[PDB]
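Before any questions on how it binds or moves, here is one chain, the form solved without the RNA, in structure tokens.
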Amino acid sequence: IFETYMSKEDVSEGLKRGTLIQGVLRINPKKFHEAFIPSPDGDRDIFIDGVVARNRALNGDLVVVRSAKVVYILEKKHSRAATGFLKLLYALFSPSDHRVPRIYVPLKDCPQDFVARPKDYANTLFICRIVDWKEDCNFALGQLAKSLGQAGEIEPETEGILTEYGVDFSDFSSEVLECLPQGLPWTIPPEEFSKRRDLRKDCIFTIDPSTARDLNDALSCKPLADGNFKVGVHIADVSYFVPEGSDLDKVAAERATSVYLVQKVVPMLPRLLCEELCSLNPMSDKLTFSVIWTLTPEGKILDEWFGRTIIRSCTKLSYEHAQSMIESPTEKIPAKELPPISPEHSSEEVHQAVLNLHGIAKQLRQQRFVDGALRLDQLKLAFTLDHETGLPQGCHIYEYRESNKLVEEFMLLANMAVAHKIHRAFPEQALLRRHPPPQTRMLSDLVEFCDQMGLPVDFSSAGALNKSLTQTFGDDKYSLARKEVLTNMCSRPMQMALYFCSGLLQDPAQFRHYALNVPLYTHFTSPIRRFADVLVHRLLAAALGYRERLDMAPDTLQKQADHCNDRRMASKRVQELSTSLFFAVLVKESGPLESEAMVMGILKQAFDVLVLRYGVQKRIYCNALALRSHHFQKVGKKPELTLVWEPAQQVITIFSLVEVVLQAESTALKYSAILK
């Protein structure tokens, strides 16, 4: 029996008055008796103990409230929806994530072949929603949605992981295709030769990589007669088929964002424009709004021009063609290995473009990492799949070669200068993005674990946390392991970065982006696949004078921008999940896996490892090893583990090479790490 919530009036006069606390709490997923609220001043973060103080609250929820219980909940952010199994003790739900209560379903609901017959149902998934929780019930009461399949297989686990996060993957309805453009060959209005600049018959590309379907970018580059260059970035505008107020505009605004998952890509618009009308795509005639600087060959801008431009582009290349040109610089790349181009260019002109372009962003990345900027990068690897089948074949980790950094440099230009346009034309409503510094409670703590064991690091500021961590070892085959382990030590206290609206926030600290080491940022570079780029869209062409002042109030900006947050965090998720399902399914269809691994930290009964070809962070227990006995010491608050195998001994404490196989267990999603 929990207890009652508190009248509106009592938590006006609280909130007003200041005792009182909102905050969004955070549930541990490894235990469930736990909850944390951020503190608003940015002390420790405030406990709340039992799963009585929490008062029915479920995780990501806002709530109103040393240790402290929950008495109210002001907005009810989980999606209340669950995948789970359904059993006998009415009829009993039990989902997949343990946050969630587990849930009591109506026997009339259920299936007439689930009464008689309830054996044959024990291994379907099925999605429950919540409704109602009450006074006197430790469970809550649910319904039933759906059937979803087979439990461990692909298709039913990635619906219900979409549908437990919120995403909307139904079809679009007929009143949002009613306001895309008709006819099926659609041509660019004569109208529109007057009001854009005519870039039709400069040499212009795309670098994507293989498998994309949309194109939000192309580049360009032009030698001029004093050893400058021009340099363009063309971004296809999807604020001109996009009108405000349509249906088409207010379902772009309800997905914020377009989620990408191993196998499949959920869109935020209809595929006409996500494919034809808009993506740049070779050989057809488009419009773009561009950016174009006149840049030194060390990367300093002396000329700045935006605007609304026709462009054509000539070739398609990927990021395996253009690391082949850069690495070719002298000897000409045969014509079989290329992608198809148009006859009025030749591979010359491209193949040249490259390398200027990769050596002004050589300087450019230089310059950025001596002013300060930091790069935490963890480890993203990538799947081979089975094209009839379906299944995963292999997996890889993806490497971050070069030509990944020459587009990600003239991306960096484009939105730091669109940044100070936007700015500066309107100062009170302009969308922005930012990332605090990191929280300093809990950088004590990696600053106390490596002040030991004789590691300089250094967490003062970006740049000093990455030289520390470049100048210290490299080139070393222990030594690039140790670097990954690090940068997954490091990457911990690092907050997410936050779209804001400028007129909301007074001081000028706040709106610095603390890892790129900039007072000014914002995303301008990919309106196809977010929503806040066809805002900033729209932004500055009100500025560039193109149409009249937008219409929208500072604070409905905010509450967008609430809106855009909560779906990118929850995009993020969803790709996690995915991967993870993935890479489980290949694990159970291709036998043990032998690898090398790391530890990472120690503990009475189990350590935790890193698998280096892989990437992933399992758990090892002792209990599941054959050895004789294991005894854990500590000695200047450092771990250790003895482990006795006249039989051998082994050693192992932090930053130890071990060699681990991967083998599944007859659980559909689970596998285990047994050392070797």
Contents of the next structure:
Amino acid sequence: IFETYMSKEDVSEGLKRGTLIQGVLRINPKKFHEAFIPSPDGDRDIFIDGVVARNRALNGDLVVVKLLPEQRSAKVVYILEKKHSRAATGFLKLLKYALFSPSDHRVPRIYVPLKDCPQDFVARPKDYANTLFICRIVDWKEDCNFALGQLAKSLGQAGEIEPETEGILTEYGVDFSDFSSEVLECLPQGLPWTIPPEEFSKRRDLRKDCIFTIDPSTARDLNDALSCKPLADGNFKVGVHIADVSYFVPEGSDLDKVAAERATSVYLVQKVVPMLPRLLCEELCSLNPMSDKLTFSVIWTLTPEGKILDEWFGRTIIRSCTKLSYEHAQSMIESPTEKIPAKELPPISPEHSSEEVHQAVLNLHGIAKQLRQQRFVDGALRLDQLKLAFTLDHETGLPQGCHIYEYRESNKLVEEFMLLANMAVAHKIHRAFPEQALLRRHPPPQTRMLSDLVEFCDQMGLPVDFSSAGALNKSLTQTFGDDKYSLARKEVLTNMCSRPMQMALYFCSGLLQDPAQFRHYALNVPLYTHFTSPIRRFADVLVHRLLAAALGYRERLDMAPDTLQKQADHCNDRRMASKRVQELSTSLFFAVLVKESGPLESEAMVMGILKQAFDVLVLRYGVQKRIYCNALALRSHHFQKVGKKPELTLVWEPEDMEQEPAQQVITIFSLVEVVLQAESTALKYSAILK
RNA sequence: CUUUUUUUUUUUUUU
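Having seen the form solved without the RNA, can you show the form deposited with the RNA bound?
Whole complex next, starting from this chain.
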């Protein structure tokens, strides 16, 4: 039996008086009996014990609590915003009712009436033990330990790719359905679409320039293009061109409401959930080569060291000549003084030659190198962990093998100019409208648990400092490197260092009072926004509208500073849910590859020792498994610590008794060899020492 | 009714 809620007027009175504290609930996955909300001060988080004192609140919901008299303990007394999707995936069992158990251990256990269950489930239920179901919570009583739910549908067989993919898509709230006819009725009509003739005067015509895009090979939507031209005085004219999406998305139409509802596109291993209809996403706005397109552009005149001497914003019309990749661009970067033959090059428009593209990407790389060096001298921080990419089968969709996604120079050449374009646009739209502008901000990391990393790195002979961000980056660069063990050292230390960092936020400039909170911590800039990808995000469409209002092409936005804050608040959770969905898609496909590729042999580094287990990080792939002594064939094992440094001694079992048993020493940053083997569970495997 | 063990894994760029 729980406790009833209190009135909204009493919530407001006690929240203004100061007896109640609001905050976002976080629920421990490994032990569901405890919950945490962040403190408004910042000293230590607020504890909520039990399931009863959580009071029907779910993970991610923004609740209001009251502290018990005496870590400080509180109980949930009200819920303002229900931020959880209230849906789950799981299994149906039997005990008037039937039991539903979700896979997630934070979601409670659900009663479903047998009217919702299918017609042959009550008799012979043995075949419905590996069937995935989607169930939605609709009501939870004050006197029931179990929620009441409605069964949506049957997903499929548990352990497959598409039932689990659609289940994890549905559990986070990603709308992966199709667009209604009231959305496609706002699209432009006429299959051979052409540019209207009144737009040859309000936009600048750059059809004769050398214009190119550099994008991955498995990409159908293109959001940006680049151009470089050498001047006659040793300078460069560099132009960045962004697809004009806001011309095709008017304000107030249902297309704009749908694009604001699904605030971003979700990219998975096998497919993509878009933001716009396929016409706008793939033909009209996506800058395919050999076609005239309407863009919105920023053009600079830069020195060879990359210093701004001129700036011009404005709407233009381009015609791209080629579509390069990240592999051809590396070929022309790494062949500076040799003509690459045309057999290994993509097709190009006949108006231009490959010499122009070759010298253009050489000049852009030359500017981008100096921009990188100046940005990291200035104090930018970059904590890059390891990401892997799979190779699929064209007839069944199963993975064949995974490789390591390498961050080459062509991913930096684009990134420097995109950061330059965002840095220009943020300054322009902040000096134009100081009370309505959409910008990003990164808070400084938490002071409480950065100190724990300080006392951890005080030991173990590691000379790092966390006084700033550029100091942290220069310390992680200039301590160890260029080895086979030092790179694993770098990976384990980066994995520990990325834990106290906060998450970046969209915000409106008319609600924060001081300019200290406008700062972006990791790039070390005072102003930042997103502008260069309007097909993938809706915040860039908002920035396009604001900058077109700032340039005098249209009237000022008629939206309040609270509407922009609400839209940014929606975009933040949409981005977070999208990132979580791609993480689980990567985990799903790796588990499928492990099960269908036998045991996998790799090396690992120990990053944590417990009494009966220790945690490794697999170097070849990038996952963090746990190894238990119960699965080991040892004679004995002993745990020691001296100077707060853990120590594990393993005494193995010899194959013959006429020989002294071997010894194994396990401490932090130790290189071991492991093998990954799937087990009888559908989506589970284990790591075992070899 | 629920895991072979105390929460926080982030930033940037392109898909």
